[PDB]
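Chemist: Chain residues, written in single-letter form:
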Amino acid sequence: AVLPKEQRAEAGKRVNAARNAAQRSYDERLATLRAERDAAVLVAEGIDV
Amino acid sequence: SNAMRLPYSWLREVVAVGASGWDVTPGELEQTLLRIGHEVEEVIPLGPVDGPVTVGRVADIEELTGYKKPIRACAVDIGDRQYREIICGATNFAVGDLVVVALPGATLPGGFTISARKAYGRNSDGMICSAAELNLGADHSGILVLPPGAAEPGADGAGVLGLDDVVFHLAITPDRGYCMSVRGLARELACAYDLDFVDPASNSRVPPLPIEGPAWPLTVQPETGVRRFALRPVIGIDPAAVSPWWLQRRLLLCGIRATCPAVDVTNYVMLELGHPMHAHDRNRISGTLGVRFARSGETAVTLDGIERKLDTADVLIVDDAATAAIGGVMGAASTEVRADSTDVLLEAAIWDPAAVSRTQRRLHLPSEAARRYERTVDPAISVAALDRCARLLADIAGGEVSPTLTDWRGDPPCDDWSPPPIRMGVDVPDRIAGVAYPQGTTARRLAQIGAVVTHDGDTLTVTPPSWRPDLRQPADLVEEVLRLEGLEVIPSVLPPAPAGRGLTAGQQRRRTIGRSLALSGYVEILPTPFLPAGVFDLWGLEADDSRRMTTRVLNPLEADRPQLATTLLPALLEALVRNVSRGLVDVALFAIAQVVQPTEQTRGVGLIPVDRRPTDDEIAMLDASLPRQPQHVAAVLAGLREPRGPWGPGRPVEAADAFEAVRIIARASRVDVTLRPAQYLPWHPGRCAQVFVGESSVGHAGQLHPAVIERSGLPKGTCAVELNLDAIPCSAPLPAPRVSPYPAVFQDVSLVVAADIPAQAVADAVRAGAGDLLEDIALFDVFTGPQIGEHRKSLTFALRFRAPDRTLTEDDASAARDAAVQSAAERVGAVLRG
Amino acid sequence: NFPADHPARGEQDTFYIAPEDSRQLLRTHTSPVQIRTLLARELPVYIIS
RNA sequence: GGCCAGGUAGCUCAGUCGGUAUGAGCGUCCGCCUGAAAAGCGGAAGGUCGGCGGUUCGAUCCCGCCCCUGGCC
Ligand SMILES: [Mg+2]
Ligand SMILES: [Mg+2]
Ligand SMILES: [Mg+2]
Ligand SMILES: [Mg+2]
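Chains as they are written, first to last, in the authors' numbering: chain D, 49 to 97; chain B, -2 to 831; chain A, 147 to 195.
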C-alpha cells in the first residue's frame, strides 16, 4: 500500500507467487495431517462400548 | 387475493333504495357482516379534520428559485375577496386547479394543528393538502387536485371530500364471488336486516338500451368455455372530458386510481354490479373479433406493455391484425383506450372460471377482473352491466350510445341462466342445526337469497339464482338458512360417543420415553423436517449412503434446504449449536418425530374418482407410493453432563452417557437391548455402539467423529444417539417372581481377557456357566496395570448366589463359580486371575 | 372436496414434493388422517388426530 | 416483478467503493490475584466480511448470476 503506484504491479506479483507457494504447502499438509488423524482415531481412542 | 374494499356511503345508498332511511353505525355493520359470514379485516374512518378546511382554486403560481427543490408561492382563491398566499412544494398542479386548503387554526389527522409559517423567505397562510394528509387516500407524492366542477372555492372541504365516510376492508371467501361488489354485499345486508332489496342490475334500475342490429362481427369457438359475450358502442366521446368527482372518489375509496372516463366507468360498474367490463378503442380494431384458444408459442402484449407467453389453454380475443385481450385477465395494448380515443366498443363477457384461474396464475396477473371471473360472474347481467356502462360513459364524456348490440349466448342461445333445481326436506336445516326453527323459516330465507321455492308436501324444490353457483346440494342450502338465522341460536349438547379403547401401546410408549428422558435431564425440542444445506457432506457420508436418498420439496421457504430429513440428528445438532452459541454450553436435547425415507423416485398416483370409496387395492397403492416414515427417538449432548456444585467440579459428557440414554429408552420401552462396537458415521469409530433388540438393529449411540465435529462447528466431545422406535416391538411382559427365603452367598471372580473382549461378553459367559443359582452379577473393577500384560485387562465381578429351596455351602457356590470360569475360558478366552 | 383450478385449492399454498405434478405433498392439515380412519374403521367414528 | 437498502467475530452490531476489519460491547484464553473463583489491572486468540464465478499482479470493497431478511406491491 505504501509503495509507489508504479511499483505495486511488479512487487505485488512477486508477493502473491510466494504467498501462494506457502498457502499451497499448508493446504496439503493440513489434509495429510487430517488424514492421519482420521486413520488413527479408531485405535487411539477406542473404548469398550 | 380475496380483498373487497368499499365505502359505507355507497353500500348504504344501494341498500337504501329498497329501505329508505336505512343507516347503521360502523360497529353494528361490522358485527352484522361477521355474523352472516363476511370477515371484516379493517374498518377505516376517513379524516377527521376540524377548523377551516376549504376548497380553493390556484389563481397564480410564482416559482421560488435558489433552493434544494422547486418551491411554489401560490395565490389561492378561497371564495372571498382576499386571495391567500400559500407555499407548496408539490408540482402536480397548475393555475386554475381546484385544491383543498387547510388554513391557520385547522386540525388535520392526527393532531396536526395548522398555523401561519415563515418558509422559504415567504409567509405561508396555510397549506395545500395531499390525500394522505387528509386521510382520504394514500397519495403523498403530490397534493390533491379535484376535477373541474367538483365544487366552488369556499366549499367546505370535509363535505366535498366526504370525510365522514368509513371504508370497509373485507376478505371474501371463494364460495361467495357475488359478494365482490356493492350489489352482492347490499343484498346480503337486506337479507340480514329483513329488508326489501332493489337490485342495482335489474331492468328497473338499468333500463335496456335499443337493440337495432349487430354492433361488431364476432366469431366464438364454444370449446373455450365462454358462456356469454356482448358488445355495444359509444361514439363521439370527448377526449378532454374527465370523470366527475363523485365517481373518481368512489374508485379511490375502493382502491382503484382514476385514469379516463371510459376506463373509470368500466371499473365503477365492475365494483357496482360485480361484472368486469372492458373498453376497446373501436377505431383500432381490424376486422372480425374472434374468441379462440391461443396456439403453441403464441404471445401477446397486454395493455401494461409487457409481452406474455401464452398457453394453448389460454382463451384470447383477437381481430384480423393482432390479439385484443387475454380473455378475463387483461386487455391488450393494440385496442387499449388512449387519450385521443373517440369511439369505444364496450366488452361484457363471461369466461370459464377454471380457464381464467389457470391463466392468471401462470402469468401472475391477479387482476380485478380475473379474481372475479375465477369465482364465477353472474351471466344474467352481462347486457345490464353493458348498458349501464354505455349510458354512463355517454353522459359523462359527451358521447352517444349506438343502438346496436351483439350478444352471443351460446349455440343454441341460452335465454335462461337458472341452475338445476334442488329438492330438500323442509325440516333438513332444523335437523342439522338442532334447532326447531319457526314455521316457514327455511322457505323465507331461501327466497331472500334469490331462489325460487315451491312446496311439494314436505319437500321443497329450490332453484338458486344465477349469481349463486355455489348452491348445488341441500347442505349448501342449509348453510344459507343457518347463517341468516344466526349460529348463536344453535344449542350446546354433547354427542353420544361410544366407549373408547384409550391410548394405543405405541402412543403410551412415546409418553413414557419422553417422561424418562426429561427426568434424566434431557430437554425436548421440536425438530425441523428440512435438512441443513450440505449436512451429509459435513458428515462425510458416502455418495451411496441411504440417508442421502431424500424426498425433496419443490417450493421450500429456503431454496438451499429442500430435502426432508432421513435422520433427526441434523435438527438436534442445529438446536444444540443455537444453545451453546448463546451461552448455554452444558446441554442435553432429545426429540421424537418421524423421518422421511423414500425407497424409489417420487412417483404419483392418478386421480381416483371421488364419487365412490377407493377400493382396498387403490388404498394400498396410494400407501405404497409414499416414502417410508417411521418414528425415531434421538438425543445429543455436550458440555458438562453433571453440573458443578458443593460436591465437586461436575463431570463432562462422555460416550457412556449416550449409551445410558439408550438404556433409559430401553427400560422405558420394557425391552432388552445389546450394544456392539460398530463403525458408522457421523459417530467416532472407536466410541460407537450399534444397538440391537434381539438380532434386529435399531440404531446407534456414542461420541461423534472429531472430524465431523470440526467441520460442523460442534462442541468437542459432542455425543449423540438415534433409535428407530418402529423397529422396537411393543412388549407386554408378565413377570412371576418367586422370592427365595433362603440366604445368599457372595463371591467375587477376577478374569483376565484380551483388551478387545467386551465386558458384557464376559458377563454373559459367566452367567451361562454359573446356571440358575446365579441371582446377580455386577462388574465393579477393570484393571490394566503392569502385572496384567499388554493388550489385556482384568475384570472383577461381584456374584450373588441363592438357591430357591435350600441354604448353600461355600462349595456349592464355588462349584457354580468354577463352571462360570470354564464357560468364560471357552467363550472369550478368559484366564482366572493369578 | 377441494375443487381443482379454483381459489378454494389454488389459494391453499402447499409444500409440493418434487418434481412438479407429482400429486405428493406435505400435508396442510391432519384431515387426511381423518379420511384414512373413515376408510379403515367401522362406523361410528370419534377420532382425534 | 422494480431500482434500492441489508447478510461482517461465539452473541448483538459499527466500519471500509483494491494490498492492516490498527473493529466495539459482551463470549473464549493467559498473567498478577484467590485455598479455588470473579471483579480489577495487564495482555492474547478467533472472521477465510452470504454462495459461485469474473475483472485485476492482488477483491469484504468493482461486474454477473444465485441464496437469505428489510423498505414495500
Ligand atoms: Mg355455502
Ligand atoms: Mg451474527
Ligand atoms: Mg481471568
Ligand atoms: Mg481481560
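Where hints are given, some of them may not hold.
The calculated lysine to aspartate or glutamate pairs, modelled on EDC-like cross-linking and capped at a C-alpha distance of 20 Å, are [as the list claims (entries may be wrong)]:
1) B:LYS713 - B:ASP773
2) B:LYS713 - D:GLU84
3) B:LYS790 - D:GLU84
4) B:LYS713 - B:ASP583
5) B:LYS115 - B:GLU60
6) B:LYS713 - D:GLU93
7) B:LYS713 - D:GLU58
8) B:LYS790 - D:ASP96
If you are wondering where the hints come from, they were derived from the structure by calculation, not from laboratory data.
Chemist: Evaluate each hint against the coordinates.
Modeler: Tested hints:
A hinted pair counts as satisfied when its Cα atoms are at most 20 Å apart, and B:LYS713 with B:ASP773 does not qualify at roughly 38 Å. Distance restraint check for B:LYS713 and D:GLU84: the Cα-Cα separation of roughly 19 Å lies within the 20 Å cut-off, and the hinted pair is therefore satisfied. Taken as a hint, the B:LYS790 and D:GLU84 pair is broken in the structure, with Cα atoms around 28 Å apart against an allowance of 20 Å. Proximity of B:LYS713 to B:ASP583 is assessed by CA-CA distance (about 12 Å); at most 20 Å being required, the pair is judged to hold.
At most 20 Å may separate the alpha-carbon atoms for a hinted pair to count; B:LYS115 and B:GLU60 meet this at roughly 17 Å. This hinted pair checks out: B:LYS713 and D:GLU93 have alpha carbons roughly 14 Å apart, not beyond 20 Å. In summary, the hint linking B:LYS713 to D:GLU58 is not supported, as the alpha carbons are separated by about 46 Å, beyond the 20 Å threshold. The straight-line distance between the Cα atoms of B:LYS790 and D:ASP96 is roughly 11 Å, inside the 20 Å bound, and the hint therefore holds.
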